[PDB]
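A.B. asks: Each chain is listed here by its residues.
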Amino acid sequence: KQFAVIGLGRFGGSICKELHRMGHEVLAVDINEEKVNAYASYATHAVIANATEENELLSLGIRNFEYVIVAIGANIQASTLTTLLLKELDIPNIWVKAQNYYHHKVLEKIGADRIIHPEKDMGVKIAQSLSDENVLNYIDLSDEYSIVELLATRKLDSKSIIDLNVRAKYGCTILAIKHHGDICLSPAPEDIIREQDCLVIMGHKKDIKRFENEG
Amino acid sequence: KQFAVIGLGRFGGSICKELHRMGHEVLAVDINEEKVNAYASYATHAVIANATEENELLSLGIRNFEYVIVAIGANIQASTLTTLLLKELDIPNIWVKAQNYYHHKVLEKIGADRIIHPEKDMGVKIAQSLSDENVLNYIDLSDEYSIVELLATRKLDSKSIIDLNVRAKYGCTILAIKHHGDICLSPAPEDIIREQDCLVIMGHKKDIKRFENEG
Amino acid sequence: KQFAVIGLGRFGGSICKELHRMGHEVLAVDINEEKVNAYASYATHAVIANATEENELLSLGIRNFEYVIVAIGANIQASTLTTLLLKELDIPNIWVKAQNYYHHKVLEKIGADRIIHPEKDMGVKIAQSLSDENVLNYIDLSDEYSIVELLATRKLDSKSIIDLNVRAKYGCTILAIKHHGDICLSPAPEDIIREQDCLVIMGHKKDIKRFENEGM
Amino acid sequence: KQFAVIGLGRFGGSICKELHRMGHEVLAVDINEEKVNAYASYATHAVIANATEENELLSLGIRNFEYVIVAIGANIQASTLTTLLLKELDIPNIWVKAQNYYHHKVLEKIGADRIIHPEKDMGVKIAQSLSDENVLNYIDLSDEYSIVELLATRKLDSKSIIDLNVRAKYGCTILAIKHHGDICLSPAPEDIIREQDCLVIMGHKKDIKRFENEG
Ligand SMILES: Nc1ncnc2c1ncn2[C@@H]1O[C@H](COP(=O)(O)OP(=O)(O)OP(=O)(O)O)[C@@H](O)[C@H]1O
Ligand SMILES: Nc1ncnc2c1ncn2[C@@H]1O[C@H](COP(=O)(O)OP(=O)(O)OP(=O)(O)O)[C@@H](O)[C@H]1O
Ligand SMILES: Nc1ncnc2c1ncn2[C@@H]1O[C@H](COP(=O)(O)OP(=O)(O)OP(=O)(O)O)[C@@H](O)[C@H]1O
Ligand SMILES: Nc1ncnc2c1ncn2[C@@H]1O[C@H](COP(=O)(O)OP(=O)(O)OP(=O)(O)O)[C@@H](O)[C@H]1O
Ligand code: NA
Ligand code: NA
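Chain order of the listed sequences is C, D, E and F. Positions in the first sequence are counted from 1; adding 6 to them yields the entry's author numbering. Positions in the second sequence are counted from 1; adding 6 to them yields the entry's author numbering. Positions in the third sequence are counted from 1; adding 6 to them yields the entry's author numbering. Positions in the fourth sequence are counted from 1; adding 6 to them yields the entry's author numbering.
None of these hints come from the bench; they were simulated from the model. Some hints here could point you the wrong way.
Derived DSSO-like pairs (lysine-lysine); straight-line CA-CA distance at most 27 Å [to be verified]:
| id | chain 1 | residue 1 | chain 2 | residue 2 |
| --- | --- | --- | --- | --- |
| 1 | C | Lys7 | D | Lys161 |
| 2 | D | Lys115 | E | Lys93 |
| 3 | E | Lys215 | F | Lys23 |
| 4 | C | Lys7 | D | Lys212 |
| 5 | F | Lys215 | E | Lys7 |
| 6 | D | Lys115 | C | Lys211 |
Extracted from the complex, chain C is given alone in its bound form:
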């Protein structure tokens, strides 16, 4: 797998550093000279080039990369013209960072394989923690079911799993407990619930909220 990242920003630079850490060949492309020099050591190859030019894009050997990431989310003209050239160049996978709803629709028309909203997806996840301080991190399996890593309160201290009727009343399944750095996968009845540690639970979205308010 050969990866090309166009645009070394906060989002683009994180992909280059993470993929290079895992041991992948990453091409870092940016129009700014200072950005390329900073990420020269964090990428296999770093080039100062303009992605809106077809002649400069063909000089990079961009046709040899299966995955090309266009991490430009503040210049719609630069982002949409870059993916038009890549779609014309028959790139199998083009992942684009969008800015707003209208930028999402333009990329969908010109053939974006995946469109990413980094700030919008984090803003929704952060606001869920702001509304309810009991949650720490959640993953939406569907629109009605999710896995929520809850935080143990004072009333749940010194309580066994069998004492909590999550399975019968709330219809939720306890998944894991992070006992002060110790992690137990699929706890068996019964385990004592300690102080403010991570409590992983699984259930319906409305059913978990009932457990937070009541249990």
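Go by the hints and put chains D, E and F with the ligands onto chain C.
C.D. replies: Chains D, E and F with the ligands only, in chain C's frame:
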């Protein structure tokens, strides 16, 4: 709970729209006139003000908000001076959006309760999907254990749960199956695994990778 | 002693010229090309570099300097990020030029050994001379005692030291008299006070003001 | 005494706040709207005006002020044109903040009563403390004699005044000792010298340096 969001960007504007959707009193503060007019309908109160000024900050009644979110991640001078005033004004919870590693350290010194890297955290999560196309969304319970929502391949088609020795060999637990829009929580042996649907699994980080390569 | 001065402004450039005059090894760092060329002859080593970058800061050998002066007082982002790198690099002495009260508090949190307000300290000293024209230069020993270099008026002309009851009534001690270029340290009774020359006095802050209004 | 300060900068704003604290009528003049609003409460009268215009300068009643301070030290054209109008308007006392050596000479030609270099005078005083850490604050009585407020070292601990032969050998007079917040004016023999407190001394410039190195 009263929330104040300073800076209506891509990350700041997502928090205002999400918290207002859930039914919370949100104060939207931005120095740009066009940003405030766009988010006037998506916030309880929208004010055009400079957060670096103490006189303007006290005119907003900012001492009445438990949670203040400083979503400025491109101006270090504006972000650090804003949180210094809020820390001096005894705000119980200050959440700041950072830019880089050095911006993270300055906010930690001047008393930031939580520091958020929206683009950096998404860039790591996106790069995990780029490296392995089988994964769709994952949550890190710890540094060695995670819950990964996998994608079913062709070799797993028409296969029962008892056929897959994830519990014995790989030491991983199957959590949920998204059967073409139908979601089954904690499947019982045995369930037939269909085509390319979401397969939620739980196990050690190295153990899940063995299941992806072999199973 | 090796000194590094970051930012060649009106305040930063004065430190480079004064330390080089006394015979010290001074490193002059500035982001502006014209500033470095002007102070190239007034510093041991002058480099065009950005102090907010760790890679550029390590290329200067900045870990070999005991005293680093960050004389940036108009860019808070550049000033605070520079001192964060120096504090991370274990610089024994970091002296920072601040802009306002809020800039002073940020530098105190991130570990500034000394914070300097050049314009604010001069503005207070100048305003003391504006309010009272009799004073010329003063040093605050404490919040209630100071040494004030006064200016002799017409009523103090042809007056002896013993005639002035500064020691008994005002409780102030006359320290030195600059008699037209001639300086007398610790004058003995009695010395004739001439025309408008420098009269150094020492006493309580409220006691000196009584001498200016009544005696002077 | 009526004071007018033209230019509300770091140096100009300090004069307005100090003179208003002492109870003087201060006129604050600045071309920037935000500067005038900030110093409106710290001055008797604050006006947004351009000092280079004679019509605007006469609208302030500037002929009624004995002392006018032109605290502009980054715009030579604005600083020199302002003092030309004031000299033409017969202001008894004009104090100007200069920028460099060439700005000092222009103001001297066009009739500046006093020219001030705030950053240059502080830079010399700071560099004296940088070269010798024993000094704290000094005042130059002349080019060869000065009063230096020294810092007591470890070798001067538990030492009497009569033990130190400053009067005979070094020819210097000890003026005051700040004994941990207690200040003694003109100490009499003998007083014990404690740890790192302020030691005020008076003598020749070369004679004090000998005391620092030897005594
Ligand atoms: N035409 C272009 N070709 C290559 N790189 C470009 C081009 N235009 C912009 N870039 C670079 O892409 C990077 C990211 O762009 P930009 O800062 O506009 O987006 P962003 O949405 O603010 O980014 P992030 O949120 O990741 O910080 C920058 O380093 C910029 O220099
Ligand atoms: N001092 C300030 N007070 C209030 N709002 C400000 C201030 N400075 C900037 N803003 C606003 O905050 C918002 C976010 O800041 P900015 O665009 O600089 O950061 P960013 O990290 O690029 O944003 P994003 O959330 O889009 O990633 C912008 O709408 C900007 O106008
Ligand atoms: N990041 C930086 N690294 C090094 N030098 C810098 C940096 N940013 C600015 N400088 C330089 O530092 C010098 C002083 O900064 P600046 O002029 O902004 O402050 P100031 O308070 O107006 O200065 P002064 O009152 O001493 O004239 C300038 O010559 C400027 O070019
Ligand atoms: N023509 C003018 N009339 C009145 N005020 C002016 C004029 N031009 C500039 N000013 C103001 O004078 C003030 C000081 O000027 P400036 O900031 O350029 O000088 P400086 O030497 O850098 O300042 P500082 O006193 O902070 O060292 C500023 O607030 C500026 O807006
Ligand atoms: Na962004
Ligand atoms: Na200045």
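A.B. asks: Each of the hints needs a verdict: does it hold here or not?
C.D. replies: Quick rundown of the hints versus the structure:
1. At roughly 22 Å between alpha-carbon atoms, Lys7/C and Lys161/D fall within 27 Å of each other, so this suggested pair holds.
2. A threshold of 27 Å between alpha carbons decides the hint, and for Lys115/D with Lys93/E the separation of about 12 Å falls inside it, so the pair holds.
3. With a C-alpha separation of about 21 Å, the suggested pair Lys215/E and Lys23/F falls inside the 27 Å cut-off, and the hint holds.
4. Between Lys7/C and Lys212/D, the direct Cα distance comes to roughly 20 Å. Compliance with the 27 Å bound is thereby established for this hinted pair.
5. With a CA separation close to 17 Å, the supplied pair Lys215/F and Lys7/E stays within the 27 Å bound.
6. With a C-alpha separation of about 38 Å, the suggested pairing of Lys115/D with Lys211/C is violated against the 27 Å cut-off.
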